[PDB]
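So the chains spell out like this:
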Amino acid sequence: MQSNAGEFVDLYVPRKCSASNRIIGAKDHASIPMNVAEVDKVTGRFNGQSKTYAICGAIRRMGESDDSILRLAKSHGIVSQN
Amino acid sequence: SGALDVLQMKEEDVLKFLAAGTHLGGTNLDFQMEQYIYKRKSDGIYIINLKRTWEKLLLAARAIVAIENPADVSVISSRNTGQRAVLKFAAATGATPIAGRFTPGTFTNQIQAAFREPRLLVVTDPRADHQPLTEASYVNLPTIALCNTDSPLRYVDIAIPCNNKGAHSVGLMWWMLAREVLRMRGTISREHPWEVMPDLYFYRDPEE
Amino acid sequence: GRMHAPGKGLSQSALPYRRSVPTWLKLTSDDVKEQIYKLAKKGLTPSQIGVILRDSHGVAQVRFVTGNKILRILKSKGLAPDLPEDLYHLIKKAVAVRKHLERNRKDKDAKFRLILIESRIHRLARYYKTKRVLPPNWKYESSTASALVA
Amino acid sequence: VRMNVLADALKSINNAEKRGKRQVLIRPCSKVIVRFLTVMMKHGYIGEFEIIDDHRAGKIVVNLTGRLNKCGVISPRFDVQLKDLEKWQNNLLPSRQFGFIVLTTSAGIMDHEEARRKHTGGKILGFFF
Amino acid sequence: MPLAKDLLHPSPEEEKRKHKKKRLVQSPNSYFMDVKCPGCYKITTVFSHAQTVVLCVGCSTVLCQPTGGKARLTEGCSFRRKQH
RNA sequence: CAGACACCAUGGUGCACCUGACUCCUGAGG
RNA sequence: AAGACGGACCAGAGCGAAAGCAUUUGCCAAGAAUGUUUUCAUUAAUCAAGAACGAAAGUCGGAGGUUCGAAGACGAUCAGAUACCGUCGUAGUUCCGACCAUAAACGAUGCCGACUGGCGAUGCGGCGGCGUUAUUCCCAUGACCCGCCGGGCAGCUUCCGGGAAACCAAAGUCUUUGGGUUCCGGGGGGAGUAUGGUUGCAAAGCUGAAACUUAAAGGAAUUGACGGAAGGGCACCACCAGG
RNA sequence: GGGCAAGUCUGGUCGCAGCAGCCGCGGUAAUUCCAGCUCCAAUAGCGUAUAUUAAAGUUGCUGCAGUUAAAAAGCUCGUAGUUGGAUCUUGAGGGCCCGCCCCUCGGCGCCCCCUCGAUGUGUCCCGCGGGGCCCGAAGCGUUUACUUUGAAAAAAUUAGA
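Protein chains in written order, with my numbering: chain A, 1 to 82; chain B, 83 to 290; chain C, 291 to 440; chain D, 441 to 569; chain E, 570 to 653.
Simulated from the structure, these hints should not be mistaken for laboratory data. There may be inaccurate statements among the hints.
To be verified - Distance ranges between label pairs, derived from CB positions:
(1) A/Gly6 to E/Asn598: 44 to 50 Å
(2) C/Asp321 to B/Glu116: 48 to 54 Å
(3) D/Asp524 to C/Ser366: 41 to 47 Å
(4) B/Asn131 to C/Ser303: 39 to 45 Å
(5) C/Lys398 to D/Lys510: 49 to 55 Å
(6) E/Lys585 to B/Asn222: 42 to 48 Å
(7) E/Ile612 to C/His412: 57 to 63 Å
(8) C/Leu317 to E/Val631: 23 to 29 Å
(9) E/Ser599 to C/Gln338: 15 to 21 Å
(10) C/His412 to D/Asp524: 43 to 49 Å
(11) D/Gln521 to C/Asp372: 51 to 57 Å
(12) A/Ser75 to C/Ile342: 55 to 61 Å
Unchecked claim - Selected chain D positions facing chain A (Cβ under 7 Å, derived; list incomplete):
(13) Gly460
(14) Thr505
(15) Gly506
Each residue gets a CB set at the ideal place from its N, CA and C atoms; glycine is no exception.
Construct all of the structure, not just a fragment, from the sequences and the given hints.
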């Protein structure tokens, strides 16, 4: 949370989400991301360089999360048989 | 993705699926599993879409990969049919194994007679592994799980459509998972399938 | 919301977006105007004319052929019923209930029902009076209700 | 039936947003609803909307975002002569550093910062932040 | 719903199963049809939910029978809306 | 389930109680 | 013969504004739901006054009193019974025209609209199937099965959201406080009493005070103790069989 | 003693005298009394009674509660009263801003008069000054509430230079 032209107030900058556009606050439970490994393709065999999605308390308790992850993953690629 | 032709499935898988009785589902209507469904069999029963089962299995597998220690993924089954299944998975992939009773508190309890440190849980039915599923969301752990059309979807991140109760259905999915993770990172390598048969998994199958 | 009936449901059709229906044979102005004039001669209400035109002829409403509706045609011609069709049919029910009430003086239901129908007539009539479709010097009465329906 | 149309729309969005749902069907659809949505949209509080046209009265599908915290309605409307605006702003907004009070002025439906510059008051519709 | 969907062009089987005024674009699905039927020697236009019978000169009586829903028809018939 | 099933009223009192700092201090040597 | 009453079938099922409403059949008008490119073209939402209906008892005049039965009188049981319990039996139950206007008239939850969640039934209407059965030559019928859609009484399971909790998809969208409108409450007692008015033939109904009294009246959950409340056990300080 | 800041006081009393808004003390080892001592708070002031205000969202416009705690009329119709669906048009200059679109004046113009340049009771550039008529403009078309700018708007008070 900035003050003025871009002075830093603040204790830290929290994680956000894009499955419901709501911040992960402050020490909350059921808040974790999900590193899917990339594969380099064509020759196979995992190469880095994680794709990370941020999952909040809210989505998980409302049993959304399964579908959400696929929408997020597909939209930016890449998984075989899409 | 990976090398790519056999990751768009192949006949070999489609034969194994049909044999293991994966394809049939429940008769309860859906609102979170509904997308996955291929078509509905006459007078109830849903035919799951093998294409969807594939992609989810691969995304799951990929998440276990990019950890350089395979021990901190806990494979969990309390189902009888999947006790042998997870035991073989743990030999192969190098998972830390939980067959039979979970015994409440191993991701919780500072004072306990056992403690396990995972980073990702893989569950065979979260209405039988309900204790891990609840316990995991008290201590900030993501959980993949094998879900049918009447399993809870709350606190499950990535679901894999499948019957996943009884028979060879639980076995086969553990076999295919192990095969997949070994492809990306293992010693099957190069994104080609295992030389081990699914029959090493499955259930004990009463011995004559 | 309904304070004129104890219902909860619906009682109107859905209507289409378009100003042309059905667009494969909408006939001509001529045909349906003749038909309207002849039907209105017999003393038939706009409701009845609309029903028979819809189903038998390839018109649906006559609002989609020309901008006029059956009432508008009637009104401009000067050959029209002398009160709105709805108001007529309301008055007619209150007559019918009144006749039933004359027959039976123990029918408590009929007394309750009559009141409701009569109130409904008055609110509709008030609306017509304000907008000069009824004269304000006429008013609903037992007496005159009989005379209209006859 | 509906004696305000703003109040229904605002609630509808908020209740969607709570779920994580990214669609609503608001209706009856009016000129003021369009105008309120555009000002809201511009500041980034909601996403883009699409007006579907019917001969009933219209229906709008709003694709919303969770950049909003609350859009309240001031029903019944009150007069604001630019010296009750200050009173409202301290009362009903969490800071003076952000959030807009949205009014209807004779110089157009506008946010209260623009109102202050014009010095044209009017009737208060609602607010958001 | 899985509670995050947004549909801007909805499929015509989940919009065509619903009630007539509950549709997401509201026009009813009712139509006109031509009825040939053999004891009538003219092509009578009929309304799908006719209510009161359609009859014609060419038939004795055989054209429609009343039903509260879709009007009953007898022997050979056709339908084309056409264009609602 | 699918054997038997009755009168019976009355009666009083107090104190339950609230803060943290490990030595037997070893005591020939120390 | 008289008078009364319509079991089992009968259900978290239907209808009716509510009170209420189960023998058969016919007649009379009425209401909802549904289907509906029909009609009108804003006619609407909700409410002082005003008005319709209103179980039971009671009261006016008859019919009628089978059955049962407020009162009374009897037999028991009890320390006390005038009660419960047995018997005799009155008004009354039933029926008609008048009064009366209240009920825990209980879902203790104003009315109208919008929005926010899963699953399966069932009364009813409509629609759909290379579904079953059934009838006429097969049908169109109809009952059934599956799917779909409306409007009913409800249920189930849920960090959907609320609440003090019990509960509650509304008692949700309330400090991030504001859709419309109406009604009632402001600690507990005095008291629906006093007093004046009003309605009623009467019985009664409506409006409705104060002095004074007093720091608790109350709600909910929790934990104990206790029950001539329900399932249990264990012991010759209990019983049994007996000394 | 608690609320309440400052006595696990010393003597005396012992449910007595008193204390005590309220909660409660005192019935013999009274940190509440009655004195003494010490300490606290405010300090030329402080205590007390009482009206009113604040706290009090315990009158709730902003901003109340009504399943069970105090509280939805037996139910419906319904007039006043309150409230009410959708729907009509206004390119350049400079790096937004300005006028516009689907006759009493000013004045594009037309006609008049002293006439202004062809002219010096008077034209043919024009209504420029007075006119009439009549366009961009504008009463325009039918009203407003609202909001906006002005005036009219005691001094003291009050904010405040």
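Going through the hints against the structure:
no.: 1; hint: A/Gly6 to E/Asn598: 44 to 50 Å; verdict: 59 Å, violated
no.: 2; hint: C/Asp321 to B/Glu116: 48 to 54 Å; verdict: 52 Å, holds
no.: 3; hint: D/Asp524 to C/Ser366: 41 to 47 Å; verdict: 54 Å, violated
no.: 4; hint: B/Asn131 to C/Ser303: 39 to 45 Å; verdict: 40 Å, holds
no.: 5; hint: C/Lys398 to D/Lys510: 49 to 55 Å; verdict: 53 Å, holds
no.: 6; hint: E/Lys585 to B/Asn222: 42 to 48 Å; verdict: 45 Å, holds
no.: 7; hint: E/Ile612 to C/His412: 57 to 63 Å; verdict: 49 Å, violated
no.: 8; hint: C/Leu317 to E/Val631: 23 to 29 Å; verdict: 25 Å, holds
no.: 9; hint: E/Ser599 to C/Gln338: 15 to 21 Å; verdict: 20 Å, holds
no.: 10; hint: C/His412 to D/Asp524: 43 to 49 Å; verdict: 45 Å, holds
no.: 11; hint: D/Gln521 to C/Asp372: 51 to 57 Å; verdict: 55 Å, holds
no.: 12; hint: A/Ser75 to C/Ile342: 55 to 61 Å; verdict: 57 Å, holds
no.: 13; hint: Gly460; verdict: 3 Å, holds
no.: 14; hint: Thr505; verdict: 5 Å, holds
no.: 15; hint: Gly506; verdict: 3 Å, holds
In summary, the numbered hints that this structure violates are 1, 3 and 7.
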